[PDB]
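With the sequences and hints as input, model every part of the structure.
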Amino acid sequence: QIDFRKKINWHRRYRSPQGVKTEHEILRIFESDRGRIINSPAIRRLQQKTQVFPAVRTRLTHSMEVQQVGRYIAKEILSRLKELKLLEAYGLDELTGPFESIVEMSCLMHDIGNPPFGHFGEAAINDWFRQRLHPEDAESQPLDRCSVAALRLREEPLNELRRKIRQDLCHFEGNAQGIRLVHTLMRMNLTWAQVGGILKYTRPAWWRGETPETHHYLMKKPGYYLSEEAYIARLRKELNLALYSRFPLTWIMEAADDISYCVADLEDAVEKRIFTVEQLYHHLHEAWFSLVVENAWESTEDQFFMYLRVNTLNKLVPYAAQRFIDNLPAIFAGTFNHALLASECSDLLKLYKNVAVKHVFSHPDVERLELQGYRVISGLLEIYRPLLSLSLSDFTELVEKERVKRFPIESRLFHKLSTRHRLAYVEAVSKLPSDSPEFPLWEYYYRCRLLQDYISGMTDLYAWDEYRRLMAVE
Amino acid sequence: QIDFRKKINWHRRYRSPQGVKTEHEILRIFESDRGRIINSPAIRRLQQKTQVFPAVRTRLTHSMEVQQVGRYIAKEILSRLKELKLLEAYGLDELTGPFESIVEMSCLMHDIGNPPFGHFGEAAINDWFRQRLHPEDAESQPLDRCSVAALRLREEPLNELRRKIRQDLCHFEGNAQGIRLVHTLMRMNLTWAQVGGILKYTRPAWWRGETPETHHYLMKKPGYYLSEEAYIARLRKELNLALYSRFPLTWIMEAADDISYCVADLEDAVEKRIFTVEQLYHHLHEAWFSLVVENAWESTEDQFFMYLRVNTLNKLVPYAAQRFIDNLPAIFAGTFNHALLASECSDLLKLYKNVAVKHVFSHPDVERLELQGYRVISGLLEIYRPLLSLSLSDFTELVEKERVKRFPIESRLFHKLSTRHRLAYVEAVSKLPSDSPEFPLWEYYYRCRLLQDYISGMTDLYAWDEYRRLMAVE
Amino acid sequence: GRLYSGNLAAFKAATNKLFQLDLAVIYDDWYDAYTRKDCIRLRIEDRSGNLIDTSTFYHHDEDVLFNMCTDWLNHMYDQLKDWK
Amino acid sequence: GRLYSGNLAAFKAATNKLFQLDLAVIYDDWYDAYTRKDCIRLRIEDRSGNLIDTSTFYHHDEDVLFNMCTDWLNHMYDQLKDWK
Amino acid sequence: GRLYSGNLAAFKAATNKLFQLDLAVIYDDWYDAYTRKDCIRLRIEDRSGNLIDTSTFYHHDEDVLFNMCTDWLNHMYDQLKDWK
Amino acid sequence: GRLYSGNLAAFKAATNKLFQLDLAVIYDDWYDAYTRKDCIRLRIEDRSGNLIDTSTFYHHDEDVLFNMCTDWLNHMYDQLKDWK
Ligand SMILES: Nc1nc2c(ncn2[C@H]2C[C@H](O)[C@@H](COP(=O)(O)OP(=O)(O)OP(=O)(O)O)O2)c(=O)[nH]1
Ligand SMILES: Nc1nc2c(ncn2[C@H]2C[C@H](O)[C@@H](COP(=O)(O)OP(=O)(O)OP(=O)(O)O)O2)c(=O)[nH]1
Ligand SMILES: Nc1nc2c(ncn2[C@H]2C[C@H](O)[C@@H](COP(=O)(O)OP(=O)(O)OP(=O)(O)O)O2)c(=O)[nH]1
Ligand SMILES: Nc1nc2c(ncn2[C@H]2C[C@H](O)[C@@H](COP(=O)(O)OP(=O)(O)OP(=O)(O)O)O2)c(=O)[nH]1
Ligand SMILES: [Mg+2]
Ligand SMILES: [Mg+2]
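Chains as they are written, first to last, in UniProt numbering: chain R, 3 to 56, 62 to 150, 153 to 163, 166 to 299, 308 to 317, 327 to 369, 372 to 504; chain W, 3 to 56, 62 to 150, 153 to 163, 166 to 299, 308 to 317, 327 to 369, 372 to 504; chain F, 2 to 85; chain B, 2 to 85; chain V, 2 to 85; chain H, 2 to 85.
Treat the hints as calculated values from the structure; they're not laboratory data.
Treat the hints loosely; a few may be bogus.
As a list, the in silico DSS-like pairs of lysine-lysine whose alpha-carbon atoms are at most 27 angstroms apart [said to hold, decoys possible]:
#1 W:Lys-380 <-> F:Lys-38
#2 R:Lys-23 <-> W:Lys-343
#3 W:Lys-23 <-> R:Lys-92
Which chain W residues stay away from chain V? Per the calculated CB distances, all over 10 angstroms, these [to be verified]:
#4 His-26
#5 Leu-162
#6 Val-396
#7 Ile-413
The beta carbon of each residue, even a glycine, is placed where N, CA and C say it ideally should be.
Here is the structure:
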């Protein structure tokens, strides 16, 4: 029996409100979440991150379009359920307001964890660590190229933790970093329903082996880190989710991102003196196509996309709403193994994707900025290598005293890390049992996480400037 | 009798929808307006304009906060009318949805007409023209320092148009430029209700003399230009407004802007190494104060403003809602002569304003960028002076042929103007009677408007770069 | 919240217009104790130092205050050009 | 819409692991006519050029396709280390 | 292949010289159909809008064409200063 | 007034030299209450966690203090290499 009252949870983690509430109080609770998210430094920082080209779109403007698409889809779904009188059997009678807000805020903060330079910045963090720990050598009986003495395999109970830590640190992902950013570092203290909408994939980052055949789509990318194995269990207990399941509303945010994928890039190219509309018209025609793109042709650039977007929306949104309504029990159970978008509506998106891949993502200027970002991130990871070579006692003394006469270079590198990251590290370490043989392993894991958080919390310009400054060039 | 159905007009200017509609169709009509506004180049350009400091706030992020404040105020007002069962007598029974959308979209595009460099960019445009036309010499019987032969007073019927044109061109205002931007240049084709929410003041820019005592607040700044005397008459006919009256919902957008005036500046200063929270605490305490600011004290910077904002909102929004509801007939008539915000709630805002004026807006770096922008705009207005010295026949030949062997310098200056501005000029000129003695006057007026639109349509960085490039420095 | 340039230009133009008739204008501004509004006092005098007229205006909005100052100055100008 | 780095790393690691046992892997990729999905064919051969096994995988998502390729390669590796 | 600055300066000087005598000159240019040469038509009129004279010149070289225009303008100027 | 690099290098070299013999050294530093001099305590222990020796040095000059620490460490090293 579908009941959305057991899924829309308005409790919090700290100082949660208790008792029985009314519609006005629930709406007030969910508006404060918007107030917190919109006035946060993480959202503000998005206006200095590059989407494709360094009046071009940043990550903030693209999110502001995904938000509109998701809101429109949610309103269409809600309207289609009133024409069938199902808003009282499904429990959405008094929860229509929060339904749009959750989707919109999930659409807005769907890109707050991505590192500088994007996809080429994510590989650089992963490769550099793979040469330090070599996870592939911990998949069988003890043999070893690991550079850390406290993580080499030698003692099965410690071996399992060793291999888990070695595998986790080499799987960095933006979606997994978003949860850590909103929970541990920033400490926004949002409701459970709002956090559940930004958990797109459900594969643990320490997972080794083959995925079950019933979840081969929800397991294709890492979902969360090893430092949140306790926070996700409580999330599953609060939102009534089984192991390896997804929140329902997450399916909408995933669709809105797919519609607004390659339509904006084309406009950016057409306003960056690359090609002309006529050329674009010709590329699309030779691409295949319905009555969706032709009708928008008949300034000019400012009013061609301005109608092509409307044409594609009016034919794609209702299909998504119908797919959501038809497959409702499986989505509500959290075990649906597909996406909302083998039909004629899926070919139009592939058309734009192919045109963008062939004529936009191969320009010489885009490719150079992908080789420069790789170099910059790899270089920055090597300057802070000395911090990863110290001993446990040395690092403890350094973090405690903060003025050490034995380490003149490392004491100055440590002071450049942001304050909130250091408090996160201190709080994480202060919860472990000191009289335990597993203390050094956890300490090293948290130190590596601290370094990764510092590297991934930058902008593309600040990292570039710091890289030039720390190498005595500028 | 208050009736909001005669104020929320969903018709358009071109290809307007006709007939009788339902709630779903009206909501669909008003969602398309959001779709058009959000994906417009004018909104995108706002992320390169400086608010105060050149993770600091741009004009886009500040508008995204004004939007939230206005939405919250609108929802509070709507909730307070259901507890008194007045949503059926006032006609808002089936129009709650568009009520928030109009306010939110009016809050978003409340700053699209401001020129580069802000307040110091607006004076430079005004001063430079005042030395060319000298309006003060056209207020009495014909005497004259005007530099244009076709505008000097000599023939009363032509004299009136002469003095009107001479007065209008020296009153440039961002609010008056927003209407021109959304109607003539960009051609968004929005509904009447949406356009009516961005008309804040009602004084014609050609007005000379003393304002009536019944409208001395609604007449304090120019509202629209002489080129829109026909578009505003139709707007008043559609929305049922008398002469010199304001749209109701505009009062909300004005309040939301006043609440979010000096709270963000302080956070920017505190994160720009100016002063510390402790110092800020001390400045505020010595400023006066209730239980609004003290309770937020008990990282630290990230969670002090994060509660001071909530404290000030929870005590200021209901007062605005009560003021809107109490003075409803006067606001609905459009003749209310005050703002929603002589009470204890108005002192808290003056506190922040005084602190910001004393300790933030006097820093040396803010003042230098105000002297540089003045110089840059004044310099750019002087490079294009040759275009204003040609004759009517010469400019007509230049705009027609586009390749002139008699004017090698002016023909290259004309080609740097944006295409849409030139089409606006051509369309404006093609509607006048050629066989009329008033043709040169209108032609000169439209040429000056074209130059002003080009200057005010830039960013602070593009204008700075063009100024350095056109002077053979870079 | 600031003062628009046009109002300031009108104020300066009025002062120059009535100063070019052999007069002088002196200005002072302050903040009121409990009325919560800005205060402007203007005095029109002659070359010989004799005080001809005084006026005071109270308002909490800059634009309205300066408009009142300007139109009062214009009224004084044309009533001193009514005779003498 | 792109391919995540971890899946590619796992694929390369599997190929190297089973190549360091005196084997070889050949790869080819294409697009299907009407099934609307990408197609990957793998062939495992020996040093002497003899073909030992072949397999083909169809899918319209890159990550799932590469995961299937990797786990098939691992199955072939451990079933060739079951004997010989 | 372009037009030299001196010829243009002479043309403008002639137009200003004969315009400062209460006259006016209107100009138009085009390309011929089959004669393969540029075409310039000049008309000299008065303030009252009455047309006083017209002339047309054909040539495929810009400098020669503008020299002919200038010397024709000078001839008209001095024959209108012969009388009246 | 700072500490010279050579003394620090000698200290680190002594610690490494006597640590490469299966020992360990723990360090702590503080400031004295009324003696007006810096205080350094060193403890030499074994792998099994057993404490072998302790020492404490007081001085108001960094270079002298570190020289005393280094020569004490060298004395402990060679008296533990006298036997065992
Ligand atoms: N740099 C600078 N900024 C100021 C000063 N006073 C106020 N601001 C800033 C704070 C406001 O957020 C921002 C815009 O407010 P304004 O006072 O310019 O007027 P606003 O456009 O809000 O008024 P309006 O409704 O258009 O009459 O200007 C100042 O003296 N210097
Ligand atoms: N420079 C560049 N950008 C690309 C390329 N392919 C796609 N993009 C752009 C278009 C998308 O708006 C943007 C982000 O999409 P991605 O393919 O990186 O993945 P996305 O994060 O959307 O996927 P996810 O749901 O996280 O798995 O990347 C490419 O080859 N080069
Ligand atoms: N930038 C620019 N170059 C031009 C233009 N027209 C022609 N050119 C180039 C092409 C020629 O190779 C080059 C030199 O030819 P000119 O037309 O300046 O005259 P040229 O010196 O050959 O003529 P001459 O025998 O001295 O009268 O100028 C134009 O409008 N702009
Ligand atoms: N940047 C920096 N300068 C320091 C520091 N400590 C002291 N100074 C400055 C202050 C002194 O005027 C200046 C030179 O004094 P030093 O401590 O380097 O030693 P000094 O050469 O006077 O000693 P000496 O007689 O040669 O042993 O160094 C520090 O930690 N950082
Ligand atoms: Mg996206
Ligand atoms: Mg504002």
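Open item on the list: Given the hinted pair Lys-23 (chain W) and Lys-92 (chain R), is their Cα-Cα distance within 27 angstroms?
Closed with: 22 angstroms, holds
Task: Assertion that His-26 (chain W) lies outside the chain V interface [Cβ separation over 10 angstroms] - done: 60 angstroms, holds
Task: Proposed proximity, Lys-38 (chain F) with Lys-380 (chain W) (alpha carbon, max 27 angstroms) - done: The given pair, whose Cα atoms are some 11 angstroms apart, holds under the 27 angstroms limit.
Task: Least C-beta distance from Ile-413 (chain W) to chain V larger than 10 angstroms - done: 21 angstroms, holds
TODO: Would you check the hint for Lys-23 (chain R) and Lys-343 (chain W), treating anything up to 27 angstroms between C-alpha atoms as holding?
DONE: OK: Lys-23 (chain R) and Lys-343 (chain W) at ~22 angstroms, within 27 angstroms.
- [ ] Just double-check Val-396 (chain W) for me: nearest Cβ-Cβ distance to chain V has to come out over 10 angstroms.
- [x] Consistent with the label, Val-396 (chain W) stays out of reach of chain V, its closest Cβ about 48 angstroms off (over 10 angstroms).
Task: Status of the stated non-contact between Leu-162 (chain W) and chain V (beta carbon gap over 10 angstroms) - done: 21 angstroms, holds
Hint check: no violations occur; every hint is consistent with the structure.
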